[PDB]
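Asker: Below, each chain spelled out in residue letters.
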Amino acid sequence: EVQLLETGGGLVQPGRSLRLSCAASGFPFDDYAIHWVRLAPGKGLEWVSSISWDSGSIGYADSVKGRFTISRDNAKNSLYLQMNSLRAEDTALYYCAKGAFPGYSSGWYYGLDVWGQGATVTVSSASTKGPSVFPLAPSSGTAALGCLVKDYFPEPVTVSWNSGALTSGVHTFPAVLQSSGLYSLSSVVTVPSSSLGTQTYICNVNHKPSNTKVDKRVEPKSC
Amino acid sequence: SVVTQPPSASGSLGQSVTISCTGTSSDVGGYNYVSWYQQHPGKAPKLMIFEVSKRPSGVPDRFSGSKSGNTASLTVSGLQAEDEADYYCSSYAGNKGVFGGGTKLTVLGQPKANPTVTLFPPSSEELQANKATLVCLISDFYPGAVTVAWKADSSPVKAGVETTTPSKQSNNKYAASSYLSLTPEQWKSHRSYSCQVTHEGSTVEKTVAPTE
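In order, the protein sequences belong to chains H and L. All the letters of the first sequence, read from the start, carry residue numbers 1 to 140, 146 to 228 under the deposited numbering. All the letters of the second sequence, read from the start, carry residue numbers 2 to 213 under the deposited numbering.
By construction, these hints were calculated from the structure, which means they are not laboratory data. Some clues are possibly wrong.
Said to hold, decoys possible - Within a straight-line C-alpha distance of at most 20 Å, the following computed SDA-like cross-link-like pairs (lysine to any residue) qualify: (1) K207/L - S139/H; (2) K43/H - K47/L; (3) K221/H - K132/L; (4) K169/L - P161/H; (5) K47/L - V2/H; (6) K55/L - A100/H; (7) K97/L - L5/H; (8) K169/L - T172/H; (9) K55/L - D113/H; (10) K44/L - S165/H; (11) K152/L - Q111/L; (12) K44/L - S139/H; (13) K132/L - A100/H; (14) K47/L - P161/H; (15) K226/H - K207/L; (16) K221/H - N211/H; (17) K65/H - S171/L; (18) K189/L - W115/H; (19) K174/L - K132/L; (20) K218/H - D141/L; (21) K44/L - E1/H; (22) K97/L - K221/H; (23) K226/H - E127/L; (24) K189/L - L5/H; (25) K207/L - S140/H; (26) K97/L - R222/H; (27) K169/L - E1/H; (28) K169/L - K152/L; (29) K169/L - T163/H; (30) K65/H - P122/L; (31) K129/H - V12/H; (32) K169/L - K76/H; (33) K44/L - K218/H; (34) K47/L - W115/H; (35) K47/L - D87/L; (36) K207/L - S156/L; (37) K76/H - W53/H; (38) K47/L - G26/H.
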């Protein structure tokens, strides 16, 4: 299938730089023009940049003109966006999107049919605090287990299960901004009961601001 | 530039709702290249309309496009539960594109969904760190309004309560969570603690105990 995957996200201070990548597959990347579109929190979509198949046509939004640098490597089927001198208003979710037809403006003519999952970019001068991860054990025909991502700052944290292999039955929840100024989060998976002593459930918490990466095995309580 | 879009739209199940998209003579009113996109929470946008009124393969006939002057409109007839999402319009502007502000579409008057509540006691690892947290999790409910009440035995809790704002998940349904913070000595002092989830007049209660 057609597929686009953005990488290179994270938190970075106002004025610093950050480079985004978009890996393409499933379609002839050699001929199509690709574009960047961001989604700012609370706002809507906003077009960032565009580049033709041979880099002969390049365009930027006025808010990032002379600030971002778009490029591509057709041999690696990869699109890039070099973001320098980042501002707080650059905090957004950056999407990699291809057009319906390989032309430059054709993505505007006939729409952008394929989008990637996006890569989060945060531009703030805030402080940093790593989260404590505690397991929410189940009672040893389904059961609910999870782990508690407690007292971190700032947003966000990513929680996967079994290095990403456990996606079915995984319940997602938003974070509380507690009165202490710190966030807290919890992730929970619903699994069949007859597998508590058989399978291993590990929640992978990644808080890039603090460079904290915790893997907590969640196992049934011993009453 | 800026393409004006109403922040929110609404329509009842089976009814119709039109979402306007207003630009200028150099974008919306200058070309017949207006696109419409649908975005469910947690997922990438999906092309619904291109060239003002053309539908790609995979888009139902319920979505239809039109344009009149500097104003493009998206009409969704026979509104359905899965149509609740965000909708952005796009337009060509001369080697550049521009999106609308976006409109949240709420489908009013649908069958309710009862929340699934799960309450977790404090873990032994948190208690060994001289802390204690009760984690109440509420998911798969609709509509989004919900009240969460904590109880020590039968009496209401004094302080230490944090609760999320209900937000829709990838399955297009709402989910929230509430956190009751206690010291380890408070946790072992009461017989039981209860999370009370009131949703659309119905109340659910889950209970944990330090002994059980």
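Asker: Taking the hints in turn, state whether each one holds.
Answerer: Going down the list of hints, with the structure as the test:
Between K207/L and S139/H the alpha-carbon distance is near 15 Å, which keeps this suggested pair within the 20 Å criterion. Between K43/H and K47/L the CA atoms are separated by roughly 18 Å; this keeps the pair inside 20 Å, and the hint holds. Of the pairs offered as hints, the one joining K221/H and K132/L holds, with about 18 Å between alpha carbons and a cut-off of 20 Å not exceeded. At most 20 Å may separate the alpha-carbon atoms for a hinted pair to count; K169/L and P161/H meet this at roughly 17 Å.
With a CA separation close to 14 Å, the supplied pair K47/L and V2/H stays within the 20 Å bound. As the CA atoms of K55/L and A100/H are separated by approximately 13 Å, the hinted pair is consistent with the 20 Å bound. About 23 Å separates the Cα atoms of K97/L and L5/H, which puts this hinted pair outside 20 Å; it is violated. Pair hint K169/L plus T172/H holds up; C-alpha atoms about 18 Å apart against a cutoff of 20 Å.
Between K55/L and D113/H the CA atoms are separated by roughly 13 Å; this keeps the pair inside 20 Å, and the hint holds. Between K44/L and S165/H, the direct Cα distance comes to roughly 17 Å. Compliance with the 20 Å bound is thereby established for this hinted pair. Between the alpha carbons of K152/L and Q111/L the distance comes to roughly 32 Å, so the proposed pair goes past 20 Å and is violated. With a C-alpha separation of about 33 Å, the suggested pairing of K44/L with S139/H is violated against the 20 Å cut-off.
The suggested pairing of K132/L with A100/H is violated, with an alpha-carbon distance near 55 Å, which exceeds 20 Å. For the proposed pair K47/L and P161/H, the alpha carbon gap of about 25 Å is over 20 Å, so the pair is violated. Note on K226/H and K207/L: the hinted pairing holds, with a Cα-Cα distance of about 19 Å set against a maximum of 20 Å. Distance hint between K221/H and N211/H is fulfilled; the C-alpha atoms sit about 12 Å from each other, no more than 20 Å.
For the suggested pair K65/H and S171/L, the alpha carbons sit about 34 Å apart, so the restraint of at most 20 Å is broken. Between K189/L and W115/H, the direct Cα distance comes to roughly 51 Å. Violation of the 20 Å bound is thereby established for this hinted pair. Between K174/L and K132/L the alpha-carbon distance is near 32 Å, which puts this suggested pair outside the 20 Å criterion. A threshold of 20 Å between alpha carbons decides the hint, and for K218/H with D141/L the separation of about 29 Å lies outside it, so the pair is violated.
This hinted pair checks out: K44/L and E1/H have alpha carbons roughly 17 Å apart, not beyond 20 Å. Proximity of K97/L to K221/H is assessed by CA-CA distance (about 48 Å); at most 20 Å being required, the pair is judged violated. A threshold of 20 Å between alpha carbons decides the hint, and for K226/H with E127/L the separation of about 14 Å falls inside it, so the pair holds. A threshold of 20 Å between alpha carbons decides the hint, and for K189/L with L5/H the separation of about 49 Å lies outside it, so the pair is violated.
At most 20 Å may separate the alpha-carbon atoms for a hinted pair to count; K207/L and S140/H meet this at roughly 18 Å. Proposed proximity of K97/L and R222/H is contradicted: the alpha carbons are some 50 Å apart, above 20 Å. This hinted pair does not check out: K169/L and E1/H have alpha carbons roughly 28 Å apart, beyond 20 Å. With a CA separation close to 27 Å, the supplied pair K169/L and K152/L exceeds the 20 Å bound.
With a C-alpha separation of about 17 Å, the suggested pairing of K169/L with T163/H holds against the 20 Å cut-off. Between the alpha carbons of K65/H and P122/L the distance comes to roughly 52 Å, so the proposed pair goes past 20 Å and is violated. For the hint linking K129/H to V12/H, the alpha-carbon distance of about 15 Å falls within 20 Å, and the restraint holds. Distance restraint check for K169/L and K76/H: the Cα-Cα separation of roughly 37 Å exceeds the 20 Å cut-off, and the hinted pair is therefore not satisfied.
For the proposed pair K44/L and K218/H, the alpha carbon gap of about 25 Å is over 20 Å, so the pair is violated. Pair hint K47/L plus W115/H holds up; C-alpha atoms about 8 Å apart against a cutoff of 20 Å. Note on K47/L and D87/L: the hinted pairing holds, with a Cα-Cα distance of about 10 Å set against a maximum of 20 Å. For the given pair, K207/L sits about 15 Å from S156/L by alpha-carbon distance, which is consistent with the 20 Å threshold.
Proximity of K76/H to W53/H is assessed by CA-CA distance (about 13 Å); at most 20 Å being required, the pair is judged to hold. For a cut-off of 20 Å, the pair hint linking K47/L to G26/H stands: about 18 Å separates their Cα positions.
When each numbered hint is compared with the structure, violations occur for hints 7, 11, 12, 13, 14, 17, 18, 19, 20, 22, 24, 26, 27, 28, 30, 32 and 33.
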